[PDB]
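Every protein chain except one is present and positioned as in the full complex.
As written, the chain order gives the labels A, B, C, D and E, with residue 1 at the start of each chain.
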């Protein structure tokens, strides 16, 4: 990483950050908290550090390939928007980055260090990290076993376990916040069991989750 | 976090702080010591760091949703009190924060770093942390299985195990210190078994817990 | 904590200090080494840090309540000795602390940081730590199962196991060093078995523990 | 290692970096993620540090010998390109490195520290690290049990497990990116089972992996 | 501890140093390597830190008492040699230490910090550490089960296991290097079995341990 006397300084990714990242993917495959874990472990990371984390994953090579193809599509999108001009980089400057420079594959650690601390900074680590999170969300979606359309409360299932399953499956749905808003409002109460489904009607369409779970405790 | 040469400096949340936070929620669900643990692990944290801790929680998504709704209500309360004025942020200043900026969702790490160290500081991490603790207390209450009204000493139960159960259940009650004061004074001795319930009367209504447990050791 | 370039600096309590403190109380309840552990883990701690350690204890809430009542009695003793004067705190100064400010309950981290580093320093962490250790000793006493009066050497019990039990029980007795001096001198040899009890007489009343255990090795 | 106030500074390789490296080779023998692990643990390393990691490997001495012979061939290639001139190293300079100086075997830590920080730097750690990775790839190839030519989808094998096996075996193939490109394009779909092999034809020869795995989910 | 910019600085004893020290005494009681461990963990320690390590030992309170009595005897020896003069400590100076000040029992951390860094330094930590090691050696001796006089090679016992037992028992003998020299030279070969006892004679009285163990490999 790089961490802010106040003069900025470059460290290697620590063994426990790495060991933490690897044990996470061994245990939980790809799920939403894995991505938070990814983002959490990667604070201030250079592309080198990001590639480190991705190459140390053994197994799951279909997912790691999908992620490779995703990164290349964002790189091509970067290239199209940001064309590379001809001519020699004058003394006292640094070259403008390509898509592959941002993905760590055709840049040195110094150039990554150069872009990140320069005024203004081209935040290449943060740009790349987006592309990686993009591709991880695509994977999470694909490997999510169930659709949110199929989360129905069972006859004896206490309401709170039903809400746990609903929102877990919702967390892995790749759809925008307004869609999610609509599924919370439409599907949650729509797919409850007859008993609770009744009990919640009597609160009204704009009641909180805290209000709804207190309603169906006694049920 | 940010930690105080004496010049302030910004670090990433460490892997063990994170690993500690995750293992805590895996093991103990939501109980009062979890919140102390939360507060303890989050010292000096930015909103980014606070969101990190909350998103790495797998499972319990009903609780994490309730917490989401709580945070939005405090944000709306913040917005109403603190309206955002029109006009461009002049050079040498920083914008005044919205509710969503405080919750890390619509601010950068730099802006969070900006507010926290500026003179005077807008302590956004500390404000957000309150809202999160607010919502965690609401959860602890909801998931507490028993009411304090139902903690009765059993015929053979030594007094000290009864006090352990009383104060554990009391710790999860969401009621102010004066109410708690009253429950200690009224209910504790009121719900003891006939034997100890007698033995404590003979001390009087203003005796300490150390005095009461010595009284009922021999019982 | 705060730790001494030489300019003083404020850190958060580390995850392993915390994890160490919690695992200690899970395992060994309240015994004398727990208090050494407490003191050891708390070096340079602010009241915030001290409260952190105490609130992360799950279970044992009778003990944690007793400790609460103890802290309040020392706070009232502090208040009586140190009254708070009327009038506004002039620029370039800091307020004099109340009992509750010392117990971290009605002070900020900055004020605690203020008192500790100021010239002269009001060492609030160290004052509070005393009150906490005070209340922990009261607990250790109460939860000690046996009295020192009841440690008698058994007929086949080698002398060294008897000395181990004597001094362990003595460590949990809440009585001053001169009392302890007297119990070592009177009770140890007085409660040995007939065989060793004899063998030690022949050394005289002012012989060391090293001399006494060599005496009763062959017995 | 050496890690960037901003003045550069030399540290010893930490016990956990070492312990991490050793446990990796105990567990997983030689596979592609081991090399990422190698590269990851070795950031900023001197040749001393690189030799440290290689000598602490117990077992696998055939592989460690092959690696020895590989390093000597790159050293001889270095020597041939970079001949060592006669004459005394003038005051205010440092000698130009031989192949064996780069491999840490005939240089001090100071000389390695000298080359790495000097202006311009001879990056000896990074040069050596290449030679080591070179020899590790040769080992991974040799110890890979299967050829990519033999990865055929089985009749009941869901497509995603087949892709996992394909790309895992591909990761250990020592052939350039254009060859790999060709194997992805030719062999993957060519070696699928009749069912999926059909289903993918109907997308066309230029469809993504995300598109192909969605195609064969329902199969 | 205190550890050497170059300006000296005071740290708390770390949780793992402490946890390491406690686990050592739980596992191995008192043996020679425990003392090396003690010395090793205590580098640069103040008396506070030394007392920390000693009070966190649960169990073994006979040994910890013996150690208490030993420390008091060295303190009285210190007092007799170093009498405390009358009169007020002038501004710009610090008091001369008593025996109890050196044992951490009647001094603050500041005074310990004062003596250690002052010019000239009174190295109180190092003086106390001696007294503690003194008392630990006395304990190791006492708790050593066997005398070196009783280590005889058995008829089938390979020579190297006999040497392992000899020198282990010798390490716990409290006798000076010249005595140890004599026991190596007299007893080792004197207590070997008839076979090896012969075989070594034929080398002569001034042969090394490497020479003697090669001699008795084939036996």
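Just so it is clear, a residue touches a chain if its C-beta (ideal position, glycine included) is under 8 Å from a C-beta of that chain, and two chains touch if they have at least 3 such contacts.
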Seminar exercise, completed: Missing-chain contacts on chain D, rising order, are 5, 7, 9-13, 15-16, 18-19, 48, 52, 55-62, 64-66, 69-70, 138, 142
Problem set entry | Interface with the undisplayed chain - residues on chain E | 1, 3-6, 14, 16-17, 20, 28, 31-33, 36-37, 39-41, 43-44, 160, 163-164, 166-168, 170-171, 208-210, 213-214
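By definition in this document, only the chains that are shown with their structure count from here on.
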For this session: Pick the chain whose C-alpha centre of mass, unweighted, sits closest to the average of all protein C-alpha coordinates shown.
Result: B
Exercise. Which whole number of Å gives the spacing of the CA centres of chain A and chain D?
Worked result: 28
Problem set entry | Contacts with 2+ other chains: residues of chain E | none
Exercise. So what shape is it, when you link every pair of chains that touch: line, ring, star, complete or other?
Worked result: line
Problem set entry | Pairs of chains satisfying the touch condition | A-B, A-D, B-C, C-E
